[PDB]
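Some chains omitted; the rest stay in position.
For clarity, chains are labelled A and B in written order, and residue numbers in each chain start from 1.
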Amino acid sequence: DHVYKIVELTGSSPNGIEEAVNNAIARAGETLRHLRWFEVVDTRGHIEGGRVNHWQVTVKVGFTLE
Amino acid sequence: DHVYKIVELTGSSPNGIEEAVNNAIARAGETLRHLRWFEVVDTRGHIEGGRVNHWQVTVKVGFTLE
């Protein structure tokens, strides 16, 4: 039966990890269809002043190809 | 002296990463004894609609065998 595609995206947020991945999954939902699962590959961030100003979570999203 | 066992559990939460690991550690605490440390091995999730509905954190938990 089924075939899936896995794209790598990195979501950003000034607020934290969960927010960063949700942004990435929201932006994927706009353009792709049948989002099933994801996997966090990596957590990074930008430092401004002496503080984190962007959390950057890169993520693999699995979705059904029809 | 002592010997430790490491078990692999994956906790689930609709709320996020810290809640998902806490759930895993709570469930381990009911059945095992002398939980000492843990390590996150992996963060994954399920997507429903175009949103994350389950954060799935898999974790290794170390505990003393007596």
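The working rule: a residue touches a chain if its C-beta (ideal position, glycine included) is under 8 Å from a C-beta of that chain, and two chains touch if they have at least 3 such contacts.
This structure file shows 2 copies of a single chain, while the whole complex it describes contains 12 copies.
Definition applied: only the chains that are shown with their structure count from here on.
The centroid of the Cα atoms in subunit A and the matching centroid in subunit B are 22 Å apart. Of all residues in subunit A, only 17-18, 21-22, 25-26, 28-30, 35-40, 61 touch subunit B in the complex they form.
Residues 16-17, 42-47, 49-52, 55 of subunit B touch subunit A in their complex.
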